[PDB]
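The chain below stands alone, shown as structure tokens; this is the form deposited in one PDB entry.
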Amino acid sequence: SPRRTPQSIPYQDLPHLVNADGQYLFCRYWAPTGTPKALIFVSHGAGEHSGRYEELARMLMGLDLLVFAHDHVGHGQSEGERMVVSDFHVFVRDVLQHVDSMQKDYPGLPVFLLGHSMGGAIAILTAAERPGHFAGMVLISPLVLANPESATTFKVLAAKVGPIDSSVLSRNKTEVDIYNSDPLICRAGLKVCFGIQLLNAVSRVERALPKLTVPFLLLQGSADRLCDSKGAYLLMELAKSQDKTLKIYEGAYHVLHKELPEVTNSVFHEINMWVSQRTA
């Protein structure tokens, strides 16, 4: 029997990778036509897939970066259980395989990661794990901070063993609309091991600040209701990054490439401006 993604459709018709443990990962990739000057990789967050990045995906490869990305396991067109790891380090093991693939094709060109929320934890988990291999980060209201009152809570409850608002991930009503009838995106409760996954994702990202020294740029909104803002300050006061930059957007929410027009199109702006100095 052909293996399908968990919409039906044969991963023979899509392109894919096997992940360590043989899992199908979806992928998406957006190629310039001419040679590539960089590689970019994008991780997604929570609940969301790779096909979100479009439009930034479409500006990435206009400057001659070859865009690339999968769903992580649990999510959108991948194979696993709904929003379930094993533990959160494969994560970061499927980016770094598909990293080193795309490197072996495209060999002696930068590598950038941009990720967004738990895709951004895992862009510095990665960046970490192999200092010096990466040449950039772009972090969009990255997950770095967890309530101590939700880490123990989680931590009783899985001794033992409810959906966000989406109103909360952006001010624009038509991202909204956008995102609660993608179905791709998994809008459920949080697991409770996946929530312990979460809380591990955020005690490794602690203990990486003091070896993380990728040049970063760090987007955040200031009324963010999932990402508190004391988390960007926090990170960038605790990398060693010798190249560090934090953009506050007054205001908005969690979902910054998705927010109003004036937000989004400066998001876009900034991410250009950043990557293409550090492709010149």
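By rigid core we mean the largest C-alpha set that fits within 1.5 Å across both forms. Residue numbers count along the first chain shown, from 1. Compared with the form deposited in another entry:
With the core held fixed by superposition, the comparison between these two forms singles out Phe154 as the only member of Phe134, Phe194, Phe154, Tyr179 whose CA moves by at least 2 angstroms.
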Second form
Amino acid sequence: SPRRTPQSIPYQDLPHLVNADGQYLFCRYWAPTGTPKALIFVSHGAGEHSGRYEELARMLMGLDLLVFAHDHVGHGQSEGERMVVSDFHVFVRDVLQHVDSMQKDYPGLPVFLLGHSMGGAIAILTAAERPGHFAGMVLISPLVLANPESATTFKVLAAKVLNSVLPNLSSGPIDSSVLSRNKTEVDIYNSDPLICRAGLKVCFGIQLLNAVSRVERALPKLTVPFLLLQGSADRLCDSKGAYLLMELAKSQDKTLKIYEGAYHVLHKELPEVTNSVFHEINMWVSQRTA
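Given the form deposited in one PDB entry, corresponding form deposited in another entry:
Excluded here are partners and other molecules; the one chain stands alone.
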């Protein structure tokens, strides 16, 4: 019987890739009508999926880039227990497999990464694993340092799971009101059935703590060009992390844009913020492609 997504659609009817663990990942592609100037992989964050990047991907495709993405394991239309990962490196390995596959089909093209939140931590670790390979990285509120109050609370709960056998332990869900000041976007997020809005399992939170530790060790090795966009009122990824990334990365081409008063999800924020985010990404990638 055909292998199906967690929503029961056969993978033979969808673009897909099988990872090193034999798990099917659902894929998306947005290719221009002509010869692409560059490739760009979009890395989504925790709980969400690649379908949330439709508008950004169509803008990037309008710049003649071939945009590609997949749903990370345990997310969206990919296989895996929801919001579970054996080790955070699985996400990085799977991005690298997909980038390597695309570079075979489109050789000689520059490749960029774009990531938001947990997806931004994945993009940083992917670029750190392959120094000099990526042309540039666009980071939207990347997970570099978690909110101090939330991290201390979770680190206590993590000690309970690390010292004892407690497989079902979960913390509370990611509060939707702190995601964006745009209420319509929050309402849409709360209505998408492919988004997992359940409480974070302690085993998954432990992997996000591993991502933060690994990002910290990767910064003095990071040399890829990057554009970093961060809101000053982010309650999920503390803005101190964006300043730390600007300070500690060795990249010769690094830029930070702060959005005063904005919340976490800058590409789904108030129209003035979202319009600026799209324009800034468009300028930055346009200047670095030809």
